[PDB]
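Produce the entire structure from the sequences given, and follow the hints as far as they go.
The lines below spell out each chain.
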Amino acid sequence: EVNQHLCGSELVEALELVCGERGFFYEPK
Amino acid sequence: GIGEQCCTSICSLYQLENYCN
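Protein sequences appear in the order of chains A and B. Mind the numbering: the first sequence is residues 25 to 53 in full-length UniProt numbering, read in order. Mind the numbering: the second sequence is residues 90 to 110 in full-length UniProt numbering, read in order.
Source of the hints: derived by calculation from the structure; they are not laboratory data. A portion of the hints provided could be inaccurate.
List of simulated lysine to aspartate or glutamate pairs, EDC-like, C-alpha gap at most 20 Å [what the hints assert, rightly or not]:
1. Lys53/A / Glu93/B
2. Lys53/A / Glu34/A
3. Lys53/A / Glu40/A
4. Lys53/A / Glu106/B
5. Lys53/A / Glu37/A
This is how it looks when you write it as structure tokens:
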């Protein structure tokens, strides 16, 4: 089951589409 | 809500756009 989910640490990829260049406040608690 | 919470699907990327810098 290798889908584009976001479990473990693959969410940063989803947030990459958010701003990407400018970056984001990726501070997952 | 920015950790891997989104695991039951892919979470609308547009929804994560608010987290941009």
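Violated constraints from the hint list, given by number and in increasing order: Every hint satisfied by this model.
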